[PDB]
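Novice: Go by the hints and put chains E and H with the ligand onto chain S.
Listed below, chain by chain, are the residues.
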Amino acid sequence: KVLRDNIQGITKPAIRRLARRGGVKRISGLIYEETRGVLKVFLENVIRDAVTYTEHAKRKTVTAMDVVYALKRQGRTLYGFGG
Amino acid sequence: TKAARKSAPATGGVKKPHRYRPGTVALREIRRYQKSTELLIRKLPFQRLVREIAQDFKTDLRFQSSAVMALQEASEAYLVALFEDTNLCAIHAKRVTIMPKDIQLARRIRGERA
Amino acid sequence: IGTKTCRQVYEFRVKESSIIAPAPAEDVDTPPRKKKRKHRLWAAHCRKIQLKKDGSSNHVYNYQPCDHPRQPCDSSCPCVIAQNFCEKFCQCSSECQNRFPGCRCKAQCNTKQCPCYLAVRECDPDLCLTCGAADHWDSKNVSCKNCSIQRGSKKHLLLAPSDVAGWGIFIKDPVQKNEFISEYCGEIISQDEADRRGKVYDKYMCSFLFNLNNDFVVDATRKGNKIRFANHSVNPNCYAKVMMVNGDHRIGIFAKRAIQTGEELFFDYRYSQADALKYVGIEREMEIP
Ligand SMILES: Nc1ncnc2c1ncn2[C@@H]1O[C@H](CSCC[C@H](N)C(=O)O)[C@@H](O)[C@H]1O
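Protein chains in written order, with full-length UniProt numbering: chain S, 21 to 103; chain E, 23 to 136; chain H, 458 to 746.
Chain S on its own, in the form it takes in the complex:
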């Protein structure tokens, strides 16, 4: 019973865990939805660029360095994976 949108594959407890790491004590139920949408929004930008470098290089395979380059564009550099 897994055939659906994979966004719901992000289980509610997984969110509950992340709020803890950010130090959030108490969470209302309505948070679980926009967090999905907000996170959803975040992917849209990064992959679009990530796709762009790959197809510009004519490559059909998304490689690791393509990720950091796009992440660098949004003002969030990523140490640890190349460059």
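Be a bit skeptical, because a hint or two may be false.
To be verified - The following residues of chain S were derived to be distant from chain E, with all beta-carbon distances above 10 Å:
hint	residue
1	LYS21
2	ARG41
3	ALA84
4	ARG93
5	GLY103
Said to hold, decoys possible - In silico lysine-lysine, BS3-like type, Cα no more than 27 Å apart, as pairs:
hint	chain 1	residue 1	chain 2	residue 2
6	H	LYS683	H	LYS612
7	S	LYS80	E	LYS80
8	H	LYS680	H	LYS612
9	S	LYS80	S	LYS60
10	S	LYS32	E	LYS116
11	E	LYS38	H	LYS683
12	E	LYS37	H	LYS509
No lab work stands behind these hints: they were computed from the structure. No residue lacks a Cβ here, since even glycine has one placed at the ideal position from N, Cα and C.
Specialist: Leaving out everything else, chains E and H with the ligand in the frame of chain S:
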């Protein structure tokens, strides 16, 4: 007919199940999770999720395995950072629980909401 | 068998094993190994037992060893239907959920936090390992206080003509509140005959029948120890308290207040008000106000 039996009060006292008060579990979670450094989201669902969304932008994208875990970490910290400041918005209104109207407000002040 | 060396023992064992069927020699380990037996789950079971039947708090049944050779410890369990735990003497296995868990009160298995003290059960020697119930069974002084009846650490008493009526009991040494005192020994007799003997008792105003549980009454008229002569008072320095020991129901006495040398002992016989006037009407009290 019953004789005058001497007797003593009988009892049936039994142990009480133990439940922590609300919140103190979370405080224990905060310290253990802040100390902890591993990723929190189940590993498998992301690989399906990225493949699903990427299919919209283009078709037939084989994904390099190393490139995968990056998205989680980048998204995780972004989410984590987006979370902590939400508390400051929440505590500012003297509340303790966060509601989505705050996460919207916070994403505005950074400027990303627009 | 010193009559034979190891040869002709093994050889006759060969002869016997050739004649008789070979032994089973079977071993088991059970699915459960560790954990998955949090004692709060046991708290649920007694919570069930309390809510269905033990909420009555009047049908005290003597322990009976329930036998389950192949049955589980189901609702048909004699201990279960008896509203009581399965003892280690029961055939319910080492995985029965009606057995007692073990009485791990660290300081002394002796107080309100002690579930065993909260229970009617004395902390068994094999269970309250934290109060030394098993430790130094030969020795007399232990950390625990709710382990005495097993060891029978009775106090020394004195027999004297009581001020109230006839013979009475006096204590030799000072004691504090809630301190163990000598047991109320006697003989086992059923309720119906307790009526007959009690029926005989009322013809001469005697009372030596004690309602041990819903199913039995103890008598000390013919066999017993010295404490049987204790008098009655409505404001006693001592009180009676039923207790559970090793599947045996017993009644002990404890000091309702701290007590000094040479006191006279009293406890409430707890008959009816009309009955109290019938037998123990003497109160020996002056009114200060
Ligand atoms: N406070 C009291 N006043 C009058 N009789 C009492 C009494 N307490 C106990 N008894 C009587 O004593 C009997 C218990 S056996 C004790 C006998 C008494 N102590 C004596 O030596 O004379 C009961 O049958 C009861 O009838």
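Novice: Check the structure against each numbered hint from earlier and tell me which ones fail, lowest number first.
Specialist: Violated hints: 2, 3, 11; rest satisfied.
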